[PDB]
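Not every chain of the complex is shown here; the ones you see sit where they belong.
Each chain carries a letter (A and B) given by its place in the written order, and its residues are counted from 1.
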Amino acid sequence: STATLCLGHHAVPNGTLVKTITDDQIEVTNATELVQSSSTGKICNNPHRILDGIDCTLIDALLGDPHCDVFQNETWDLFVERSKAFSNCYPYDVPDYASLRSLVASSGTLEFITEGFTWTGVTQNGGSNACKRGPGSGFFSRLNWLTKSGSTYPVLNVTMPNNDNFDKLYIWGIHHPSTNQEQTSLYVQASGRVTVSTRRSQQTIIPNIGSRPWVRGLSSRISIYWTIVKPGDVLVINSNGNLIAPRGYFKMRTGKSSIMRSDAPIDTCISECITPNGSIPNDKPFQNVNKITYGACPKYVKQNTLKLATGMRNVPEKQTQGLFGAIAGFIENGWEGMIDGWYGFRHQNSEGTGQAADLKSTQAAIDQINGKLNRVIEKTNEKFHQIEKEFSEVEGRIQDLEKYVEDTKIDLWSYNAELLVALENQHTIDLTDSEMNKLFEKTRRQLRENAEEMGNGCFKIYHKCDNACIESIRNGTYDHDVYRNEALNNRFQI
Amino acid sequence: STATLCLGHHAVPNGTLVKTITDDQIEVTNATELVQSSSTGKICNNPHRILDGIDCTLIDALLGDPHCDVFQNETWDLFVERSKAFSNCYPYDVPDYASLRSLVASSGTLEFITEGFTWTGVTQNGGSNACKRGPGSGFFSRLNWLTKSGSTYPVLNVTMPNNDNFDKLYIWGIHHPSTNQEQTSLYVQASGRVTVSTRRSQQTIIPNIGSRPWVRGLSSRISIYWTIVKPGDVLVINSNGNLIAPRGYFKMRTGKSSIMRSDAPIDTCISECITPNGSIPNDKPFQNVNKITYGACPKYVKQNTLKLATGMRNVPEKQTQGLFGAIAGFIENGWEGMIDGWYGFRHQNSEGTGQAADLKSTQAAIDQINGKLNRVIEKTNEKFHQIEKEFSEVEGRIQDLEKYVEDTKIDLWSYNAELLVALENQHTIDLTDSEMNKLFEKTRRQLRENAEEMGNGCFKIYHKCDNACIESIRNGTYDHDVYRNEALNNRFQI
């Protein structure tokens, strides 16, 4: 007399839990991770030029420490400073080291151009055993130590014009004697002085005499300062003692260059994202590996996981199992048997019982889901030279702000990630339920007065509906007028 | 025997594409831009007091450079520093220039109050040809150059009590001789010294001697320093040479004042938002003109566009055209013919065929949409003195942080904008579909057992329904019992 046609949605045996706007742990038939939590441990030397510092820091490579001149005129996309690095040359100090380290790092080059300063009344090339270069004493390859010639130290007053169309970064210094005795014996005057200026900037450092800790055989020091000279501008160096003169300039640039402190072994491979932990794939939108990055990278978040639903809910409402073949619809059950689709049909008629998935709805759900997927991982976000976020020394005010800006950022992005994943998951679940409900309605209208909703997601079709008939319903060509009469009779009184 | 009544929604010929949670390019019947991408090129001198610096910087106007004293006692809401600006006076330098430039800018005033310092043992008014004021040599109108009287320079020790109920900003300085010869001939002592203090703060600067680049006929310089004196507090100035004494104080304030570097021509007009590019209308929530702003402004984002749907989807599912007059509902088609509403009806009956839009639903959709519109552009956000985001010089650490804070902000707001627009557009589309579906249901219940859903968004009304009848359905007064019998007969067997 009649037939049965249930509408349904697939379900899987082993599903996944995800967060939403109302349920923290709600099961879906699938999910993709959004937080990269692991690194390979090795820094890929492609596609960014990785200049491993090894035993050198950027500053030592800059200054010309004897064990670092292998980096002379080096360039890099990312300079990697090793923790084992050490300095073996004249014990010096760089006031505002961080800034110098930062500005050179970003320049991405130690391209030094010797200029030819004529120092009359002293004659260059001082050297120390602390900076043993080769067989005997040496000094920073880029700095020029000037002492006394004969028995005097004429007031040095030289200039160097920047006729070039680029910024010149002059690195110079001043010597801090251990004793007034050392001061005099080297620079004659009781107390020397150094003043490096351009038309717009000036700096006059006074050598301070005193006994520091013994480092590499000395109690005296060298303070490092720098001076950038713009095009047209000129550089004047005046001094009456203690001048650790520059030998030229370092050509300055701007680019994607930066510097990273890491102990990760550099390796031959490709990876756009670099963290001190090693390279990390930037396929996912967020990462929990490190907040220090370089290259196209996933945003750092505090979360070690954020699963994005890429499927509908699993076996409706949820939990375990039961029932059997009487044919039930999409109400409180999904079909673990439908692997050939997401949504579909199951009929029980004259010819028996079977199932056929509806690719239309299956595709739409799948499509919309890939639509949000691409959107969620469509961005890249390249970040190169940024701020430091780990610090060796207590500094106070500037560090607190540097630490506060990042935490502030990290927290804002974690929330962004948490909310996005929830909104997206809520949407995906509604979107999938919607596709299902849509199919049921589409079939509901096709059947007209020839069938009744059995409340279980199935329609009781009040007329002989063999497989060919069941098919027509599935492929939208079901002509209801054809069976209207029989159904109207079977329905309204048997 | 019967009649037909379809439910529908309008559609337009030329529609717009917008982003959503699943589709990046989905067409709607309308959209409003959210990102202001263009500026007029001129800065409106209303409603903010625009003080054009012209050939002056704030610092030169402060100090009293001869070509800037036209700004004496000036006030402003926004000081606009021109790129052509130049200094024509004593070659000086302001350590922490930026801060002085910032703190004066925010004070918004150069209201100078001469105090009457008695300098015994020297006698004021030094002047230089580099600072040619009028016919002969001059000097910063606000600074007082003190040299030597007779043949000595008594240790200057004066004080100035802040009995006023406001902060006094004292701008003073120190002279840096080119040669010890110049030092002595001006201040007698081999080396002078300057110390400006209050009960809580102190600063002792030592004049450093040396040859700088020749600027305006000199190799010597003047360093500028400042001292703010709180109420009750007092200012003591001690020196034994090189003192470029202050002439009084600048009254300090707090307000909405700031300073902007721009080359935009100032123009007579009204506009709350100012960018270096020129004023921009702040009617939209975001802007892509510049991250440097002043006044009620749209938040800066990296996006040059963000369209906000202000209409439903266009001609259902989408693309091109076809079919004709057989009367179809809101299913896969919208009505380009319904310009008198958003939703409505179309019937085919005894008297012929026609259309009538339903203002109820039309208004609701329109209302909700304007509701979100107002919300989206209800805020103002006035921001006045902020941080600098463009820098002429390489500085390192502080610049990296200043650059990092803004990028961090800019990226967070771009995401905010991107997500908001998507959520809003997803909502608007659901909201509109909902209004439509609601109408169909309302009509569905009105018709009771007298009609059947033809699956195309139309109802086949199984009874004679002339236009007057069609009207009653449209205006909720359709009494179904009246035609129940005829419909029940026509339906359940003809």
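As a convention for this text, a contact is a pair of C-beta atoms (placed from the backbone, for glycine too) under 8 Å apart; a residue touches a chain by one contact, two chains touch by 3 or more.
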Legend entry - Full count of same-sequence chains in the assembly - 2 placed in this view: 3
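Here is the rule we use: only the chains that are shown with their structure count from here on.
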Inset, instruction - Report, in whole Å, the distance between the mean C-alpha point of subunit A and the mean C-alpha point of subunit B. - result: 29
Inset, instruction - Within their complex, state which residues of subunit A touch subunit B. - result: 96, 98-103, 157, 159, 167, 193, 195, 197-202, 204, 206, 228, 233-236, 238-239, 252, 368-369, 371-372, 375, 381, 385-387, 398, 401-402, 405, 408-409, 412-413, 416, 420, 423-424, 427, 431, 442, 445-446, 448-449, 485, 488, 492
Legend entry - Touch list for subunit B against partner subunit A, complex: 21-24, 91, 93, 176, 208-213, 215, 219, 221, 393-398, 400-401, 404-405, 408, 411-412, 415, 419, 423, 426, 452-455, 491-493
